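Number of protein chains: 2
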Amino acid sequence: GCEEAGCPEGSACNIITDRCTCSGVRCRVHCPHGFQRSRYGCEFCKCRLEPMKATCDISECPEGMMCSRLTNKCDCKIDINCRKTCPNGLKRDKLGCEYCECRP
Amino acid sequence: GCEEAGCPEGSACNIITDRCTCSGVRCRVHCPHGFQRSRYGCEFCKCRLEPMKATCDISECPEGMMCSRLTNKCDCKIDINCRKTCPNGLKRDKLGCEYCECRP
Ligand SMILES: [Cl-]
Ligand SMILES: [Cl-]
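As they're listed, the protein sequences go chains A and A'. A prime marks a further copy of an entry chain. Going by the deposited numbering, the first sequence opens with residue 7, and the numbers climb by one from there. Going by the deposited numbering, the second sequence opens with residue 7, and the numbers climb by one from there.
Next comes chain A alone, as it looks inside the complex:
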């Protein structure tokens, strides 16, 4: 987890994987609602237009759904019933949810 620890210089926290695999924001802009992220979980230097929901828990979620660490809403299917093998791993959608297609 880097969501707490933080990251070595030259890397930033990926909010999806909670690993320091991101490059980090190449600026020092003040963003009232924080920085936007790529759908794969890295911040970049553009301000969000509205706040990210602060927290998410499975207990809040509908049947068959779980939290997205990208959106902190119950956006992701719990079971995407996917039996593909991928080198790059699976694609994520715009809500940061994996679905059953290999990353190109």
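Don't take every hint at face value.
Same chains, same names: a pair is fine if it fits in one copy or spans any two.
[Stated by the list, open to error] Taking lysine to any residue pairs in the SDA-like style, the calculated list, with each CA pair at most 20 Å apart, reads:
hint, residue 1, residue 2
1, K100, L55
2, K97, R54
3, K100, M71
4, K90, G47
5, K79, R89
6, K100, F41
7, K83, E104
8, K97, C53
9, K100, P57
10, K90, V35
11, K97, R34
12, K100, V35
13, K97, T27
What the hints contain is simulated information worked out from the structure, not anything from laboratory work.
With chain A held as given, fit chain A' with the ligands onto it using these hints.
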């Protein structure tokens, strides 16, 4: 200009400076309206919600205003009357326009 040429591997086109100083998108997502950019002019892997205006010319512009290469709208003051010296150069705002404050 990289807006046409394109960029060497490991770098991508900065739409503001038209120099290959960007890292490039670390994905192969299809975005119907293209990728979002940081306010300093680099694409990242999140899809735009609406299209960028395709083209901008000064002739379209109000008095005292010129095109933003970020937005292709007449967003920037032509004269920000700024006589600061900055190592990092001047800040840009969310429309990609310079204004009279040194980058931290
Ligand atoms: Cl911004
Ligand atoms: Cl996206």
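Evaluated hints:
1. With identical chains, the CA atoms of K100 and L55 are at most 20 Å apart both within one copy (16 Å) and between copies (11 Å).
2. For the identical chains of this complex, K97 and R54 are inter-copy neighbours only, at 18 Å across copies versus 23 Å inside a copy, given an alpha-carbon limit of 20 Å.
3. In this assembly of identical chains, the alpha carbons of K100 and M71 lie at most 20 Å apart only when taken from the same copy (16 Å versus 35 Å across copies).
4. For the homomeric pair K90 and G47, neither the shortest alpha-carbon distance inside one copy (22 Å) nor that between copies (37 Å) is at most 20 Å.
5. Neither within a single protomer nor between protomers do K79 and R89 lie at most 20 Å apart by alpha-carbon distance, with minima of 25 Å and 47 Å respectively.
6. For the homomeric pair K100 and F41, the shortest alpha-carbon distances inside one copy (16 Å) and between copies (12 Å) are both at most 20 Å.
7. Proximity of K83 and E104 under a CA criterion of 20 Å is satisfied intra-copy only: 9 Å inside one chain copy versus 43 Å between copies.
8. For a Cα distance limit of 20 Å, the shortest separation of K97 from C53 across copies, 14 Å, qualifies, whereas the shortest one inside one copy, 25 Å, does not.
9. With identical chains, the CA atoms of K100 and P57 are at most 20 Å apart both within one copy (17 Å) and between copies (17 Å).
10. Taking the shortest Cα distances, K90 and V35 sit within 20 Å of each other only across copies (19 Å), while inside one copy they are farther apart (41 Å).
11. Taking the shortest alpha-carbon separations for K97 and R34, only the inter-copy value of 10 Å comes in at or below 20 Å, while the best intra-copy value is 30 Å.
12. In this assembly of identical chains, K100 and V35 lie within 20 Å of each other by CA distance solely across copies; the values are 10 Å between and 24 Å within a copy.
13. In this assembly of identical chains, the alpha carbons of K97 and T27 lie at most 20 Å apart only when taken from the same copy (17 Å versus 27 Å across copies).
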